[PDB]
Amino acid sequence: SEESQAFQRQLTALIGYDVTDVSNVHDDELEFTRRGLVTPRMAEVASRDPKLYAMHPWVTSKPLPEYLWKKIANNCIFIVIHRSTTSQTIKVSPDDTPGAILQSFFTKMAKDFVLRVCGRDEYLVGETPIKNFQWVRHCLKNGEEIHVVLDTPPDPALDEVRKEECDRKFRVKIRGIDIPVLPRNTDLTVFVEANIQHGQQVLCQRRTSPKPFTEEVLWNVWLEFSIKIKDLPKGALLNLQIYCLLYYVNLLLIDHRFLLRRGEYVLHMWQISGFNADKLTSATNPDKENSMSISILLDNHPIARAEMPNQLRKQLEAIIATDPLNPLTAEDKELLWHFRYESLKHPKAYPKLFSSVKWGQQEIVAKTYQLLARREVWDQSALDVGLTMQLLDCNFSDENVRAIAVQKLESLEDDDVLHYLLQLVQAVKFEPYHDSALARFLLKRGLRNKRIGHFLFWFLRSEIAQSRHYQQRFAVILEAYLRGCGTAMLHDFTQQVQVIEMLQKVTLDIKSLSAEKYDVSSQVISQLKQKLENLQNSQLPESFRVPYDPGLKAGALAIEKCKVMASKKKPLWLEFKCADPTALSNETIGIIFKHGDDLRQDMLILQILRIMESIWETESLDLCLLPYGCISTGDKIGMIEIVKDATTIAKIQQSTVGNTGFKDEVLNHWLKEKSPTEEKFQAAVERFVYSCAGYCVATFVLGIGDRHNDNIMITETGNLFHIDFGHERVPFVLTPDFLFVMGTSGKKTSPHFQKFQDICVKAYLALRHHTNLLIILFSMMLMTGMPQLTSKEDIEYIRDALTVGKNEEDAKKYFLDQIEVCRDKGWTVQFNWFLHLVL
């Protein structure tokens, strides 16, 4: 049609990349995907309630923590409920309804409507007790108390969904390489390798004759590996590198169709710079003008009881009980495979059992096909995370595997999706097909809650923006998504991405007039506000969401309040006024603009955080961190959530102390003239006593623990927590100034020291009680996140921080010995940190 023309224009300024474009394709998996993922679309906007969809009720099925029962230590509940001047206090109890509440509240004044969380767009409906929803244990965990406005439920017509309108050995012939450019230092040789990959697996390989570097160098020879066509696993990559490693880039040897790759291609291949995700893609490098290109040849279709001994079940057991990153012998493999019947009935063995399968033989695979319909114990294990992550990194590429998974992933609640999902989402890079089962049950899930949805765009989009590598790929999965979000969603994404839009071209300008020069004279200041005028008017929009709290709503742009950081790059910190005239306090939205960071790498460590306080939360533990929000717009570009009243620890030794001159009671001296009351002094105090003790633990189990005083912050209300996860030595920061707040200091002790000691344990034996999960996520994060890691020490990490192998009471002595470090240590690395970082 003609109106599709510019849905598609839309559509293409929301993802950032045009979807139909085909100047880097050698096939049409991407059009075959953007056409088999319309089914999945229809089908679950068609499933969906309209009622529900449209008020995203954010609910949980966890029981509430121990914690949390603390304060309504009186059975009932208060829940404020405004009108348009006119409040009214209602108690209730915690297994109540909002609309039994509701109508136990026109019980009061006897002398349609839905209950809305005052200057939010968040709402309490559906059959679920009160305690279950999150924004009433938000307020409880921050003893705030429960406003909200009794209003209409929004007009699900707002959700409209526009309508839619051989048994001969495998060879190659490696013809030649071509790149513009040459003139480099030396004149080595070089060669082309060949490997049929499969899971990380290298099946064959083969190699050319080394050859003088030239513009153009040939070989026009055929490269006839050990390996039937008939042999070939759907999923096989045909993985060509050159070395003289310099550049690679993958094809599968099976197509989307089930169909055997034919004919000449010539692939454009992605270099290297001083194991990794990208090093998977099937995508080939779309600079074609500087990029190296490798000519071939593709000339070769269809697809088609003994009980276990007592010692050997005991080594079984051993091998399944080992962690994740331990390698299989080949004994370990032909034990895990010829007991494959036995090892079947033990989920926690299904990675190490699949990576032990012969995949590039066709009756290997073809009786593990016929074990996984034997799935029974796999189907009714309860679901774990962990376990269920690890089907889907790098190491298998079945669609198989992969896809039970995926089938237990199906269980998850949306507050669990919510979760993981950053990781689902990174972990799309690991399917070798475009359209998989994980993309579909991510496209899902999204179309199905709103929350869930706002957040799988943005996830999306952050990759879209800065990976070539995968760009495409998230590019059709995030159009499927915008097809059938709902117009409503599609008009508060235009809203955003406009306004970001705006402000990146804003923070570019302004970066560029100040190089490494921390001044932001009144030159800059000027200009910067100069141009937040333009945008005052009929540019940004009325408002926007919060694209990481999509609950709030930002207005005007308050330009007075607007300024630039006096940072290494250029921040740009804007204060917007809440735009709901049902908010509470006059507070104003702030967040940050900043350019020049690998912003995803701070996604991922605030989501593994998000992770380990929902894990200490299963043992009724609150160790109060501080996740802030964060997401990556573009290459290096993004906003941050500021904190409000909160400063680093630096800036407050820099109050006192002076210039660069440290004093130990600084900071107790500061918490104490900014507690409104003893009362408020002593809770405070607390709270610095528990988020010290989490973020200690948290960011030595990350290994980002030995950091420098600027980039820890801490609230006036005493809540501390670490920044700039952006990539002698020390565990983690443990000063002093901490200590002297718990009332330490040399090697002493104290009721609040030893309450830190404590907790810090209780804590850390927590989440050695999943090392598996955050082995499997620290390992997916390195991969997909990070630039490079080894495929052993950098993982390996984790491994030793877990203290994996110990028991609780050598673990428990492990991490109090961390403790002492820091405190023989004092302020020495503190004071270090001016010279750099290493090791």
Given for the second form:
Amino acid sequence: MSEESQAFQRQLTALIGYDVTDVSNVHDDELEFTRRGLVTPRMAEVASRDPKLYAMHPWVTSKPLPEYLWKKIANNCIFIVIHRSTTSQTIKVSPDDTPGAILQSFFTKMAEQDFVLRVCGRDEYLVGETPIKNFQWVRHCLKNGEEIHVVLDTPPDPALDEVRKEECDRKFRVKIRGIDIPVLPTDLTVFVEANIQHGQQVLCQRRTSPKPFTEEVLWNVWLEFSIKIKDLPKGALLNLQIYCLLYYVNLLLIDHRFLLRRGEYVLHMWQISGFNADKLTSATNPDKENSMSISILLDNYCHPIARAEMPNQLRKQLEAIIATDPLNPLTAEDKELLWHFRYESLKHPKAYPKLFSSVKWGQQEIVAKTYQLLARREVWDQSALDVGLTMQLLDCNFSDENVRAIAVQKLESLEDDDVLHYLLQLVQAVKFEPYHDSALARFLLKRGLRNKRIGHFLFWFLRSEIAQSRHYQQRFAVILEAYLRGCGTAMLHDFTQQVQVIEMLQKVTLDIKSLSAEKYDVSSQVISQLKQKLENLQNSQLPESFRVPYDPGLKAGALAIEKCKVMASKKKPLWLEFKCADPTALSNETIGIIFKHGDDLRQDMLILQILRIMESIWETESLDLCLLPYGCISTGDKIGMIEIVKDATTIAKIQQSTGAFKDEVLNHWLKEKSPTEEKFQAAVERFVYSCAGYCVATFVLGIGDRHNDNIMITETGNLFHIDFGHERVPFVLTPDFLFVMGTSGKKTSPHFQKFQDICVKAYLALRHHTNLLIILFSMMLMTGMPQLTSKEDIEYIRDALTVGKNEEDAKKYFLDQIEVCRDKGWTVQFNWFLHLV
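What would the structure be for the form deposited in another entry, given that what you showed me was the form deposited in one PDB entry?
Excluded here are partners and other molecules; the one chain stands alone.
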């Protein structure tokens, strides 16, 4: 291995945030096996991709243009302004015209074809055989009444993407020798609980006798289970837990080579913090100095893995079972029906999760029958892709490789635009995989390597978890390395630049962070001190430019140091502004970015992403709620970036121009921020729509009860919530908001009626996607929050979506929710100030 390759691994290590060649916290080679296993998948995808399309990464969709967007196009013509260079002309185009076609109706229309259209000031390209109405940037401009400005330039050199060349029928038993902890900080008793699990299902449980809890407790006792070795399903975990529940650790009973685990193990455990994905991890606690450890012995030898049509009425019970929601509990009777009528079940794709949860994973013969069932998968293969259904099969309830692989099989047909909508959830679902190398992990690798925008985001989503998840950083580091090794030198160089910038901002944040206090900073001393620290960086080691992490198409240049500062909040985040490093930009507007240290931004990324998914759902129903999910990216441990939405203030700040509350303050602000009455009327309309979206969206997620200071509005009428990092009211619809809609005091009016109608329409559009939302919500709680109870926490969403009711009871239910808010007025808002004292 050339000394060159070592310098390179060192580079990857710094991009990753973890050293994948570190073998301090392993007890086998699953991780190395996986690094070698992912070489093939990576190389195959690198060799399959088109160098040109990969270089320009056009962002496209197959979805039809929504009704509400055709409205802005009734002349069947679209005007593209080509600016190359210092000259320019506006060209009318047809929604079906291809970029190369409008280049034909150009070149000849004026009068060398080695050119391409690029969005001004962005690294965004309009290329490939696709109708222009099918480009996201084109739709983004229409939704915002913006003009489409493009520049004619030379295609990027694919050379810049060069990839560096690479080079027994016995019963199961386990002996628990003992446990050891360095320091015990009332003497309690302690015992060990051993479980055999599969898909969060205890097939067998054994306990040791209780013993005095001392720094070292020994048993030397065999725990014999009823399950036979031959019966162990692949992917089963031996879950070991210490009760006084204090600590846990897991060990895959069958390894990545299909071999039964054997030998001595000394496992360092995870301590419970006073149900979640972290509990299923096969990784051990990296902290060997201060953790509990448990020693065991496994002696097990083997090398395993070597015309009844339904009566009319049972069929009704079956269909009833199938229609229930993902959270409905399956009775023993239900499972027996699903299983007995296996072949009937296999004809309803929606039954797949319920049915596979009816399998006795602890019986070799049954698992075998299950694979037989899966063999004739015709119905499933021809079913229309149902994301909600595919995801149910990737959660904690399914440990079977084959069952999860057919889920992944359906994802294979998603277009890039959809992978982007679900990427973050798919990356989180890698946590439910029992092995490091898996079909889902390979799918993320492959889609990332096929596309620059997916790879860019895939990078940050993996780095965010690697930096702050001890339970999964090892598996995610291997996935990230595999991707880094095939994205190409150009991307590699881009990531390096982003990492240096954020690494420098930590240092600045941290040095600044020492001079400070809680609730009020001031310190004209520290701000003068900030500008100096930035000035020092500005010359270098801070790169000329870098891609904005949450808006990769944007290149930030030099800092506009005079506009930078430290924000006045509990945490002392930086408010940075940069010049755009693209001269072709269509403006002089700086790029604002809030960089913050001290908080885990992953809950906010997660929330924002679900908001983006709710928007896409509404799009499929021809609705636009005008939500505003601003960029947010967790970039490292307790640190990350946030987009500064331009021309925006806090709804509280507006009121503060304390504690009393006036209804017209908001309308006055908006009327005053409007250049014309026309713009003011548009702002009023836009507020109504955005207000409705946040009311529906926020209620469903059960994050509707917010303080005025966590809600903002743009001068253009766009309302939007912020800071999602973790009497009552379902959501916020205060008197001032009502006033803008022309109502007050249990009144009504055309905009207000328009509000209720949109809300209702928005609400029921989400109910047609009830299962998708439920599975995203529960996956979110398991993989993003603390130890959340499945039974009660996850059930909230079921009640909110009012599962079990028809449309009429639904409309009524939401309308009442709007009424509760009305009755409450300013009550709730006003009450928070006192909680502080």
